[PDB]
Amino acid sequence: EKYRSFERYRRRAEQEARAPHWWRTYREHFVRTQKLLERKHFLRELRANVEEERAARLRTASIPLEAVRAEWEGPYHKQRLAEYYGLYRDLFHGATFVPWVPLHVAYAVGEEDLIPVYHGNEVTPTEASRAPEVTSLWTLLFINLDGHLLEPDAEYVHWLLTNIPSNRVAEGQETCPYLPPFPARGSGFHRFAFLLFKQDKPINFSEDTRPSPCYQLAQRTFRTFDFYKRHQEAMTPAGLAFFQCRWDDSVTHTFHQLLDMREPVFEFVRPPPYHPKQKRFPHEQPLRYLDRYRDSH
Amino acid sequence: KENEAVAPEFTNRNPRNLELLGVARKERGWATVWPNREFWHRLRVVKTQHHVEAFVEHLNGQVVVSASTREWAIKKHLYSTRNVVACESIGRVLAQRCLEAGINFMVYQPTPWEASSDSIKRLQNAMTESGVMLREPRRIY
Amino acid sequence: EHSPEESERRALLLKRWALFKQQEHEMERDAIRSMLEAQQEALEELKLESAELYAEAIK
RNA sequence: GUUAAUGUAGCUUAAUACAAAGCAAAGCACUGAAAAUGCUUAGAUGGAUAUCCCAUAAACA
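Chains as they are written, first to last, in full-length UniProt numbering: chain A, 49 to 79, 99 to 140, 144 to 205, 212 to 373; chain B, 39 to 179; chain C, 105 to 163.
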């Protein structure tokens, strides 16, 4: 058969390229049931509706999109964002968990509204002046995955709560007091992820308790993997929420006022200049040949 | 002061840090192949016999944001999976999923007939009003 | 110029006309298969009794 | 009744999970025809479980 449109060849060609082959190619080098029956009944009703048919032919139909979002929510798609941004590799050394509790967080700004914290969202450090609102007996931890200034694997806590009764977070132990974001300048977008871990039994995390207030980076540094490994028996993550933050004026305030340190500033480091090595005695070297080699020409 | 201690060079591990900054590498090869590969993300719109689907796909071929009328939430409020209005809704829904995913920029390369289709044009109108950009920023060298 | 009601009335009959034709096409396609299957089934029946008879028939 | 078939929509062991999917296929518009192209049309678990099951249809009968 011959493709009657370019797309037919393109779609097959695109699919063909994606699939691996024995010959070398670029990619290898560089790379419940009851509910459905109820759903089917709605389809018949929706299709039968004469008004809906008229709207379709009149191209005037509309949708309550807000309902779609709630019904769509979500576990499988929520995992994609966390994995896509590299939370799992940095936070659990590659362990991947499907979030089952629809965790949602927002940074409270003033009193009129609270800034959402989507998956992959961008929130300025200024807007994060105060701690955010997070919505059985579980725990909850805050992380600065790439906000660390000295060690790559290490990361800093904003605030860590343990033994959170049911859902109410006010009763959780404030092991780590809240700290505003402090992303270094020149490093682009820093990803901060919010993790919710199922707590099988209430356990005193004396090891993770930190002085309140604490303004030392030497004690804020920690590792999620080893911390989770120590509690991995009773800890199974289920909630995810992470945003990106750039440098901002508030960051200077955080680094100086309470962190009490000079603001970190970074940029791509260029290689040392390349210098040709001329010969001390240019034996049998004319000026015309040296003229091309030297700057003058 | 202990806090002052900082490494000479930063350690940023965010995959999209370079992409968001614009310094991430875009495929500049494939000079003998069409179309250009100088896009971090692409909008893939698949119109099946009974369903219309739109996706946002990275160069690697893995969809990050997927919007399909096959999804239960959209269809229940959507009369017919194949329709001009459905293209608008999936674009707005795809945008909302893009809003959920944090992806603001994308590269759309419609085919000659696909571009001429009014439904796809309205779907593009759905994306622009939702703020999703059909054109990505240029790479930084 | 046709009125919107006239177009709506005409829009309905085209749907009825399309529905009738598609039903006819589906029935027609099944008729082709049923007769072909019966004709192919007919071929097998006599072959069992005497293959020699078809030798003239197949010509 | 014994053997044996046959029980998602032309096709598929697509699927029983987050969807009853993908594919074949249709009407109208566009006037050599066809194709391409735009807008649109009709649809299924006759049924279970991790073999029974009834329906159906055969050789035994």
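Treat the hints with caution; some may be incorrect.
What the hints assert, rightly or not - Heads up, simulated DSBU-like pairs for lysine-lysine below, C-alpha to C-alpha not over 35 Å straight-line:
no., chain 1, residue 1, chain 2, residue 2
1, A, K305, B, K39
2, B, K85, A, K50
3, B, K159, C, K119
4, B, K114, C, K125
5, A, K274, B, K114
6, B, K64, A, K102
7, C, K163, C, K151
8, B, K114, C, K151
9, B, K85, A, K107
10, B, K39, B, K85
11, C, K151, A, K50
12, A, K50, B, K64
13, C, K151, A, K107
14, B, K159, B, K64
15, C, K119, A, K102
16, A, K50, C, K125
17, A, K102, B, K85
18, A, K107, C, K163
19, B, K159, B, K114
20, B, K39, B, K64
21, B, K114, A, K107
22, B, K85, C, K125
23, B, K159, C, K163
24, B, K85, B, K114
25, A, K107, B, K64
26, A, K50, B, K159
27, A, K274, A, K305
28, A, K305, A, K102
29, A, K305, A, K277
30, C, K163, B, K85
If you're looking for bench data, these hints aren't it; they were derived computationally from the structure.
Quick rundown of the hints versus the structure:
no. : hint             : result
1   : A:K305 to B:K39  : holds, 31 Å
2   : B:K85 to A:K50   : holds, 21 Å
3   : B:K159 to C:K119 : holds, 27 Å
4   : B:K114 to C:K125 : holds, 30 Å
5   : A:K274 to B:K114 : holds, 33 Å
6   : B:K64 to A:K102  : violated, 44 Å
7   : C:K163 to C:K151 : holds, 15 Å
8   : B:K114 to C:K151 : violated, 56 Å
9   : B:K85 to A:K107  : holds, 22 Å
10  : B:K39 to B:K85   : violated, 62 Å
11  : C:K151 to A:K50  : violated, 40 Å
12  : A:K50 to B:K64   : holds, 34 Å
13  : C:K151 to A:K107 : violated, 49 Å
14  : B:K159 to B:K64  : holds, 27 Å
15  : C:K119 to A:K102 : holds, 32 Å
16  : A:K50 to C:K125  : holds, 29 Å
17  : A:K102 to B:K85  : holds, 26 Å
18  : A:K107 to C:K163 : violated, 54 Å
19  : B:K159 to B:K114 : holds, 24 Å
20  : B:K39 to B:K64   : violated, 42 Å
21  : B:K114 to A:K107 : holds, 9 Å
22  : B:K85 to C:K125  : holds, 25 Å
23  : B:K159 to C:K163 : violated, 60 Å
24  : B:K85 to B:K114  : holds, 19 Å
25  : A:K107 to B:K64  : violated, 44 Å
26  : A:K50 to B:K159  : holds, 29 Å
27  : A:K274 to A:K305 : holds, 14 Å
28  : A:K305 to A:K102 : violated, 38 Å
29  : A:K305 to A:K277 : holds, 16 Å
30  : C:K163 to B:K85  : violated, 49 Å
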